[PDB]
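**Q** Can you make the complete structure from the sequences, with help from the hints?
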Amino acid sequence: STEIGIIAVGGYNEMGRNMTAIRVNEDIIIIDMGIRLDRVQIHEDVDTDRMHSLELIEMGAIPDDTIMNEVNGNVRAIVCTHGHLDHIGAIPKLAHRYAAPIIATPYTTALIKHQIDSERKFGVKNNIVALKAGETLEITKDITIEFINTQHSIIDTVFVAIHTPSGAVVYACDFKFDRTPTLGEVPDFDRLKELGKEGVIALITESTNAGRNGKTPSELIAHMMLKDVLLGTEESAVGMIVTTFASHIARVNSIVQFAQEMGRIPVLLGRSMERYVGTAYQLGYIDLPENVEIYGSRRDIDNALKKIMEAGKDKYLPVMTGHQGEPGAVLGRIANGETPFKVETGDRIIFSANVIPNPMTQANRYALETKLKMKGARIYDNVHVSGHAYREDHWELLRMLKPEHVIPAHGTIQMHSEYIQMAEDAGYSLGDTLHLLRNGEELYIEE
Amino acid sequence: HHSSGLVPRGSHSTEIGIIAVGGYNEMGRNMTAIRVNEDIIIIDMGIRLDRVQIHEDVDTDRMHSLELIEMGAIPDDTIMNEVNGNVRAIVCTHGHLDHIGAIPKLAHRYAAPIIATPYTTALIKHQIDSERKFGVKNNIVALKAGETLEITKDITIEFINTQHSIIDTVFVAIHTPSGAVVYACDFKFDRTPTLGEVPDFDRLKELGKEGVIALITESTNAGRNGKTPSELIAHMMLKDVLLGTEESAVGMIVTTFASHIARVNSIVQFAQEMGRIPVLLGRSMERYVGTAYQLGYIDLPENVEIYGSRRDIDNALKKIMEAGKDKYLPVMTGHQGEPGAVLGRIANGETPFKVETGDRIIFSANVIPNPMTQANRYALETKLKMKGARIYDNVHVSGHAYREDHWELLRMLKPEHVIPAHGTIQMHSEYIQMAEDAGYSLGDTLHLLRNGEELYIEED
Amino acid sequence: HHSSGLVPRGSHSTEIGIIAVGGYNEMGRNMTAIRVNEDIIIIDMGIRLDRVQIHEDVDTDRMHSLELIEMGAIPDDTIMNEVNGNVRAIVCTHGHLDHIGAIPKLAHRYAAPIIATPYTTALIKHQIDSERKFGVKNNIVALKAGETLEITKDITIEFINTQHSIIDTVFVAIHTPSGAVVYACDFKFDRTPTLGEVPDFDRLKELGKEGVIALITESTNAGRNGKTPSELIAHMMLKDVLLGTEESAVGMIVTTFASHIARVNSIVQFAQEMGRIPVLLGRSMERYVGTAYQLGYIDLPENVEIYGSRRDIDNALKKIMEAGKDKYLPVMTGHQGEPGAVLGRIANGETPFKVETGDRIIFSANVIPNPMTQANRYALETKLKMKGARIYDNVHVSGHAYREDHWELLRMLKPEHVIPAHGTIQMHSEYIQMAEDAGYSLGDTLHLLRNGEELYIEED
Amino acid sequence: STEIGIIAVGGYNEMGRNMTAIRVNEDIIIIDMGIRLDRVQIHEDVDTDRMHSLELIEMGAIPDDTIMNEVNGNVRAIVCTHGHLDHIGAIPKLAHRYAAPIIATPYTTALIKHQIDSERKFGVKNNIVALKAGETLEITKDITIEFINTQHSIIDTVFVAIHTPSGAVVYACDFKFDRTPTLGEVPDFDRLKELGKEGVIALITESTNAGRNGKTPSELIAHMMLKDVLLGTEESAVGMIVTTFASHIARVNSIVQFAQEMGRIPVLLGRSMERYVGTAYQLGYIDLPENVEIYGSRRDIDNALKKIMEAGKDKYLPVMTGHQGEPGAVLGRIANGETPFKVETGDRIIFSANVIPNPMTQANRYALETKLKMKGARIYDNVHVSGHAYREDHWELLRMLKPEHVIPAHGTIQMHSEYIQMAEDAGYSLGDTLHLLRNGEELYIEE
Ligand SMILES: [Zn+2]
Ligand SMILES: [Zn+2]
Ligand SMILES: [Zn+2]
Ligand SMILES: [Zn+2]
Ligand SMILES: [Zn+2]
Ligand SMILES: [Zn+2]
Ligand SMILES: [Zn+2]
Ligand SMILES: [Zn+2]
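Residue numbers (my numbering), protein chains in the order written: chain A, 1 to 447; chain B, 1 to 460; chain C, 1 to 460; chain D, 1 to 447.
A portion of the hints provided could be inaccurate.
To list a few chain B residues with every Cβ distance to chain A over 12 Å, as calculated [claimed, not checked]: (1) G226; (2) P369; (3) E458.
Quick list of in silico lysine-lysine cross-link-like pairs, PhoX-like style, CA-CA up to 25 Å [unchecked claim]: (4) D/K373 - C/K414; (5) B/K205 - A/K227; (6) C/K239 - D/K227.
What the hints contain is simulated information worked out from the structure, not anything from laboratory work. Note that beta-carbon positions come from the ideal geometry of N, C-alpha and C, so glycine has one too.
**A** Shown next, in the form of structure tokens:
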């Protein structure tokens, strides 16, 4: 027989810190190892590289994988859905304890490798393997892992399908059914219906926005709103700063496109930006006009900003990090005047990002925005679209994959509750064919 | 013995008065009066459909003005017995009921013509050809955007094109010997509309530099941060939910504001795009979109069917049920869960249409933030969900201006005074903070008026 | 060749089952079944008055069980055709309709006696002497707090005193050969009540140490932080608003839950204290407080007047209007803005009572967090405010237990399993987090059940 | 004639930073000078004594009184309602610019004098005068200032009535009609009705809780709830910490009373506590049992806490500051483990205070509470009653004083909006007999 087990290690009580392990008989396939970036800020300057794994488990921070000492099997892989820190962030801190390769899609593999180049001299290390969407990699005789293309607030994001002798186990945390994306190709629907007909034993999926009604707005909407705010203005020569996730890439591409269309020169600031968009351009996921400038260290940035100041803000579009009000982020540094560029009345600050619903980040962004307003700035908030799927996206996902079991992951118990109600609309039953797991719990499927 | 100091004095003219009679304590029931010394211009006369439904039965028909004034409902113009002048005109911004709803009930007491843009005028006369008073009269005058009409020698009225949740909507500029008084309730700076013309920015700048004595403007979304999304966004989202689906042949009902001609036009475009026959239900839509098509503001495929009375609707809806929902797209009223509206009674099954599991109900409208309509819409959605429907909420974009749109409006008109209208005191508070950023001062250059109040501006 | 390891095995008995049939997806409509192998004990059978009013007309009278099951309304006991045992009793926690409301409609299909505490039993028989089925029968048995009743040799039922928003309310403990199953829906640890006895802590500790196999308990306010305020707080606040006023002779109406005997007792004490004659209106109050006084749970001054039918009420209310509101204190129903309740129709003026400016309306009740009742209460308060009334909101204290009260409940009973009931999945989620702090584990030692679901505990 | 002017200097746009000036012809009476304690925390360690007035005005922080250079009169007094920092906090920083005495009720005068003993070597200084409730002090021939007793979250809090040739101008920011107080005497109602009949030209009053329905709960309610939580527990020997406003005094008195009734020894920790309750006991506003201990510096506190730890928490009730999660406050220091006393599972933390509705303090209190919960603590939140008046308290205030004009103060424009609606119920009219002022604006009353 094939006894499948699903062990919840991280992120089913919280949003960050995601880690799941799928045990097929005695083989283990681990998916995702993220940091929880909120409850690290509760403590007074931690500097995550000064701490080793255990420290951070009693903060968590990183998922408590000690519970993996109680499970009956050996891990053969560490798969990663995409390159957000809530998914690949814990790798350089925990993956070394496992004698297993790290499988990911190219952009992720690259960014992982870049992050480990800060773990220490080496680590152990695991060998890092790049697998693209649409391709499949056999890990043992009968266990084979497949990558299926999807969209998310990061480029190159993927469904993972673990084929076993008794069927496929697909895990889909962090997706979005964007039918008209700015980057990448539309999600592989035909493959989802087909693989649905092949046989899915279990579905593990995010419940982030399952309570939200309807279907997720396309990234094209964010594109159009940003177009509207940048170009559709009767105060053309003001001085505009755009801030967003350094990781989003699709949007940054939209923004530099816009800069080329609105006759400004796009300058990208911050280590964050340099890493993500740099790695993106180098690996050819985005094209850049020859005029763009990218600066990471404080000297490059501040120099670029004195320059950008005295030559005229009207003829520039700084694109940067700091949308959640991170002090030390370039925007936080501009708001505090710890920079040559010092904003004046009329100046437009464009936040192409949501406010993360945590008191820490909300306080930070509050303080940031008031400092900006006292310096006369005019703020455009939340010109943004969520990269997570809504109720209807989930509904149709259930209707094409037709999974035999469903396990909500990547969220709080309330998010999970919303998802549960939706799945119950689909014919499922709690504790029977629909399962609510907590961090540290293992659910068995038989036969 | 000595010491000095010097100040220039004079010299002296125009006593302008602004009468807040309706829609300054609440939204809707809007009425403002612009008094230029001796002469008066009435702007907007709206109905408030909110605090009439709180009472057990609405009627609104065989009732005369006074009763609705103790409900309000209609603006209390009794305070106009206290003003020193005669109204020589009644202008209307656009054809929403919070703006023209009180006309067939109050405009008759005033010996003045009603000036509006063609579509508005049309809907006005259609409403008077329905209240049935027949009547003591007014001339209904059609003035299009971009044109100007002299009414009293020194008083001249200009229409300046803008966008809003209904087609053909306009800024009104009351030119006086000492400058312009601009009234801009219900507007939005949509630079990429689906219908109509882009708002006339250049004229706004010109008129700004000519001299604006006062700006009267809505504060509905002045608290909302940033700039209002284009209607194109609503178009793209609707396009996304109707076409972008992997459960294609289900049976889909779309509900929206009957007045939002642009949105319904987008929708029939979509039905034409998805091979369903667009059918429009409700007396209300036949009213609005019928008037729109007759006057040629929207183009319609001949595939369209429009039905107003219950018999036409219930039978067309038999037509669609028995023939198959798959090749049809009903667009309807009832988005606020109005009982008696076609959708609410469909939800109650008081109709041939029997909605089934999987069916998609698409609300291209927001929930009006009032406990009544929130309750009705709650009940509606639970009936629909229990009968298995799949609900797409708030596929919608606000037709009102945000903080930054107001910012640039102030920066183009550069008015000497500012008056928030069309909202609650809190909405007005947000607007006040915004204008305070713009250099204005409360009780001096920016004024918070309440219903029934007059501020005198003495300008030379 | 070698190596070792050792584990003790066995030995083996009691298969206990817990049936969640009602009130696990919503609040109210509560029904749970405790199956001890072969025998079944039904606990609570409540009505849900929420999702019945969403439909146009309530009736509830000439309807039989099934229809109300597709509304629910009443708990779906159809799933009891699938269980392997016979119910040999029906216990009721207290006399709120979310607990005993479904009895005259479902208890008849079960060949079992209905066990309750005296006041509850009384109200039950009063309700069956009203549904009018006459009927196929059950014996209505009065078991007081602190006493125990053997029903099936190994199954014995204990009543343990507690406090709650209605007088004489009880923990139920189902003793079995292998331990106790405690059901505690609707409770509160009030250590200083105005009425009743302080909850029986010592017995809870004893029974905790004896062995509790399962705890089934409400999660209504498990999300609320801290510990529930005593009823004494509600008493002191009411004392504060009624007596503590510098506008003394106005005319004051107090509205509250008819079931909240303790609160009304406080109020009549106050009327007796402020020299007004306490008059109680509504069929509902005559029901509850009448039953309370007849059975001697509350003492009443002979000044009191209690009127149930419209004629008595409208005339007593003529009495009070024409004689002067100043020397009277009407206590009434209608706090949720129920149209047809005496207060709502007073607000509509469908009554001799004509409330005037200055008059005080005192709501000793919370707003039930549902859009329907929130809308009704909105409308009520606006009618009252427009007619000049002065409104005192939420002079109230919740009758349900908070997080910390639950904490100590777990720490006294030390149950082997925990099951949240009586709430939504989110309420249950909060409770789950609380119990997880207590050492419990989801799907192992703490179970989230939905309506219609059974968890088997196999205990030796 | 007598032309009265009311100049709004601070706190009508915000809550903190209160300052009003009443000009009677050419004489000026200033009431309140507070700090805004929120928007000082937006900046990175300010240390308010390192900055002089102007610094803080461009932060504000302290009220911008530069606008007082444009008014036609000379100030003859600086009156203070009570000893909260939103009322007397700006005195040592601005009062030196004015050649005028500072009048207050004894507890305030004391605490003011204690605060100036940190302004510098001296300052100028103004002479500080103690005037009790019920007594009157003539400041010029015809202008005389009266103190009328009321309750508020601080002991000895007062209505100020400025009698002039044309009537009284009463300012009542921060009150509460507590008819059954724990401390002090019930508000002087008879005097309010009487003085109402004498003639009030203008009423300046707080709008903090005017939107809140009904009448403010008595302090007796907070007393009873605290009694219930401290005594009504079936886990008697756990270890309980009580945190509250060091300034409240009434509640601290309740708490030590309770400690005496529940057989624990009351220990009070923090500079804040020592100052406020110490000054209170010394001036005889509260009685203390002989057993109590008060410790202010880190050494006394930490020593007391090691002591209190090893001897047994069961036999102790630490009462302290830190309810808004101030890092450096004793509770914040306990939650971070920067103290000998280190909380364990079951321990009860009792917050007898509300959460101040500002993102800064909400974030701070968030972080605090999560640290406490991770250490196993069980939290009792908001066992508290607001010290501000509600709609009905305001209503009856209007009905006994019968003021000819009303000006809401001490709040945001929305609070002011709520108050406006209530006053309109009372017959008043905006811009005519009811006035909405902003910071920096002067309103004239004639005749
Ligand atoms: Zn992600
Ligand atoms: Zn994620
Ligand atoms: Zn409109
Ligand atoms: Zn409008
Ligand atoms: Zn109950
Ligand atoms: Zn209940
Ligand atoms: Zn205060
Ligand atoms: Zn204060």
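**Q** Give a verdict on every hint.
**A** Structure-based check of all given hints:
With 12 Å as the threshold on Cβ separation, the claim that B/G226 sits away from chain A is violated: the shortest Cβ distance comes to roughly 4 Å. Consistency note on B/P369: stated as away from chain A, and its beta-carbon is indeed over 12 Å from all of that chain's, at 17 Å minimum. With a least CB separation of 31 Å from chain A, B/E458 remains clear of the 12 Å interface cut-off, as annotated. A distance of roughly 21 Å separates the Cα atoms of D/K373 and C/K414; the hinted pair therefore holds under the 25 Å criterion.
Distance hint between B/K205 and A/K227 is fulfilled; the C-alpha atoms sit about 23 Å from each other, no more than 25 Å. Of the pairs offered as hints, the one joining C/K239 and D/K227 holds, with about 19 Å between alpha carbons and a cut-off of 25 Å not exceeded.
Of the numbered hints listed earlier, the single one contradicted by the structure is hint 1.
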